[PDB]
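In the block that follows, a single chain appears as structure tokens, in the form deposited without its partner chain.
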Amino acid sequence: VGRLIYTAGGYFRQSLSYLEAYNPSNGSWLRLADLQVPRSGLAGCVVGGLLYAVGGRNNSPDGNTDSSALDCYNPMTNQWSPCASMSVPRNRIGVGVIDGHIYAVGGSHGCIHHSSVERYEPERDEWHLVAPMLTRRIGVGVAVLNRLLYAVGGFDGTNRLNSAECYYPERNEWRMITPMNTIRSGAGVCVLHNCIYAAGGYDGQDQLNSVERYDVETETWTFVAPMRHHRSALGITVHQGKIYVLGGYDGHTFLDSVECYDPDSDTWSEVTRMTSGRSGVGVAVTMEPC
């Protein structure tokens, strides 16, 4: 939590440059400075109050260019500034933050599906590669709980995945965890309480409305209430103890629906709608602008 839910980029017909922020306290949306380059399949995160947009791909009428970019948005100035780029382009990337360091995980570059992982140091403005995952994964969901980073699901070039793994920084090592009950690429992955949640995604045949959570202590995956809408390539974030899912694709429409999950009642409700339907957005939470 911090204040507003920011959604950056996305896709509808082509990649988008929108940056818009939703205030759950009053229902309003603000349109803010556009990204320098349109991108879908990116991930967002926040460190030190600043919003970062990482990776993705610019699908435009004249080209599909995978991105190795890291760009930072300062709400105090309503401006984007480039940062050092990653070692390699990464579309349909997963990102997590551990103690102020940004981990960029997996993703694709053309037909290459990465298992590589790299870590960004904001004050030093540098990226360095760390140990790669045990599995190549694009459309991978990533979240951090208790300073351990989890990469969940995705697609390896051949099969969509129900597997997941965890990175232990002090040993720079990855280990498989219990796999999910359901194959999911493009799921929204986040952390709430002591669990890693995987909502939606695509199982090889259908966009999903199911949601399951991994208890890091018991090592089990348990389904919770399903979302009202089936969605793959959705954005997700947690704010004030509730999960918010934004957009995605349901096999028919690029959704403008934003649903919110309340873990106390185990229910999802429709809470607002984005200004236009889109999938493949980056999402994160930070202070309101200006």
Given for the second form:
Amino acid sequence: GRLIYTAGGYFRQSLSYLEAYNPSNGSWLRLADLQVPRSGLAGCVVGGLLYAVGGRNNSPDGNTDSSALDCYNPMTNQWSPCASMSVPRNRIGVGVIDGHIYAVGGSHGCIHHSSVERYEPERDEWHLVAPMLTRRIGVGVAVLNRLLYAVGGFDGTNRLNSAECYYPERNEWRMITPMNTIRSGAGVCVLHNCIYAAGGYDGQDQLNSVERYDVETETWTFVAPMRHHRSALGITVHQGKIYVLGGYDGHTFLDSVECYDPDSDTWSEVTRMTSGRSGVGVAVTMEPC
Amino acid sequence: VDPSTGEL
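Having seen the form deposited without its partner chain, please provide the structure of the form deposited with its partner chain bound.
Once more the chain from above appears, this time first in line as the rest of the complex follows.
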């Protein structure tokens, strides 16, 4: 039995909460807080360990974009610092391939990244790889068939609907079919043969629409929309289902957690986080202790 | 307020 981990986030100020949800009994667990508060970060799992990457600490004492990478061990319930990225990345995108972590775009100060970095766990090192064709922050990133996808985001001027794909063996980026909707800060994940883009901000209102890209047919298609509209949401897949946690709808920071079942193409409210928030890194791994 | 995230 695995769990859904939610790290950091934002509600009134960046939070350092590490909470976990168990789909089996619907309960939550609070774990060791993050050493430093952060939101706009990305989470991911490698070799059973949880990684909190980038983000920003939006506090009263001031904003501080982070280039930190920290590891959380369910076995000990403790956070250990790792090699830091060559640059701070707020509202970062993250994906994993062959046990390697890819940090995509994000922002630093008023600058929007197009750069990308790859982290080697065993050697504990980061190295820059080919930069995206576009500068993107608030970008959603997912990995399918060992290929990395960068969807939507913001290049400083316009919210994007475009997306591209990175092919490791060639260290090159290639644009792909753009989405039907301009999406910034959407939850992007992979389920079966599709890359999902849920919610986000199109420059006018937080979205509740969800579209998926078929790598084969190379086209996007709208599926059942989520109950709530939500941007800067946490997302992840668990036992053939999409889970979207929190986010901002333009009025309040949501605490609702919706679940998507492809079979019946329907969403359901499955639980609520201990409290509403946005920009939280999400990932799945073994339960603690 | 940031429309996309709701952050101040």
